[PDB]
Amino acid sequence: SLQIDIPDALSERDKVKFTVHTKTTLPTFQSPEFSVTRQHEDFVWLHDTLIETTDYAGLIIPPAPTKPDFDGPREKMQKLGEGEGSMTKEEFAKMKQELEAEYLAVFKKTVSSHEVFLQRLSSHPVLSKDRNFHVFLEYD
């Protein structure tokens, strides 16, 4: 078997990094449990590589996860930070909270999209064995 999950993730100015955690009993992998860090572009790399593999003609290939969009929150944030003398006391705290809620919503959506993609692959008889998928899970 081959179980994949994303237990944490990090939003920076220009990228989103996901921790990709694998547990497997399969002998092809270097070890039975490991974790790597991947950006969204690595998932798109994986998806496009699979789509372009001619031996996979006829196979259902799961759709790529959506591009995370933190642009709104991040800015509100970058400013609320520049506005340390911005009416808080309290308001700064209140605005930090509302913005955290906005980040949590985007994280929940995008972690779910990224994780479901990997899980669909893990269960695919052919794609689960793909060498590029293995690189994606193990490269560190």
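Residue numbers count along the first chain shown, from 1. Definition used throughout: the rigid core is the maximal C-alpha set that superposes within 1.5 Å between two forms. First, how it differs from the form deposited in another entry.
- Of the two rigid parts that account for the shift between the two forms, the one holding residue 64 does not hold residue 92.
- Rotation of the smaller rigid part against the larger between the two forms, from C-alpha superpositions: 19 degrees.
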The other form holds:
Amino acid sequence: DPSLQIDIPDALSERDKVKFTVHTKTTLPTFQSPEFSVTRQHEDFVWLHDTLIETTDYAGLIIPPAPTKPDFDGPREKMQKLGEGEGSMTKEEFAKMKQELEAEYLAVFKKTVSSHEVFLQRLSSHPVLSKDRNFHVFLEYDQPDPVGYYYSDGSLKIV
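Let's compare: the form deposited in one PDB entry is above, so bring in the form deposited in another entry.
There are no partners or other molecules in what follows, just the one chain.
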């Protein structure tokens, strides 16, 4: 489906509130531009799903489930038991334990990014919902400094 291609290439979590980058590649004329990105929070996805669910014309349609709210609590307080407890172990078994707790944080971050992304892709596939204008507002409504840049795999990304 060249028509509408959506991905979440990156995300930021500060204090376990997540800001997702929603990147759209489309050939459909409804959109102002062929490629664009916006930053979204979980409430935006909930609004999108609930708006589709409450549309009368989509009664009985297959509406892909909403992504679950991001939850970092399991890793977060595990991190605060260890993190502020250096003197409890060796310098190297503090380091070891700090890495796998961050590995736990990564597992949660990856799955919630995939959870929010799969939702957007399923909408893209749907012949009715993919043309929904509330979906389109979710993809492109935009606009709130070159301080910081992240380089990976030959690509530049802003903070």
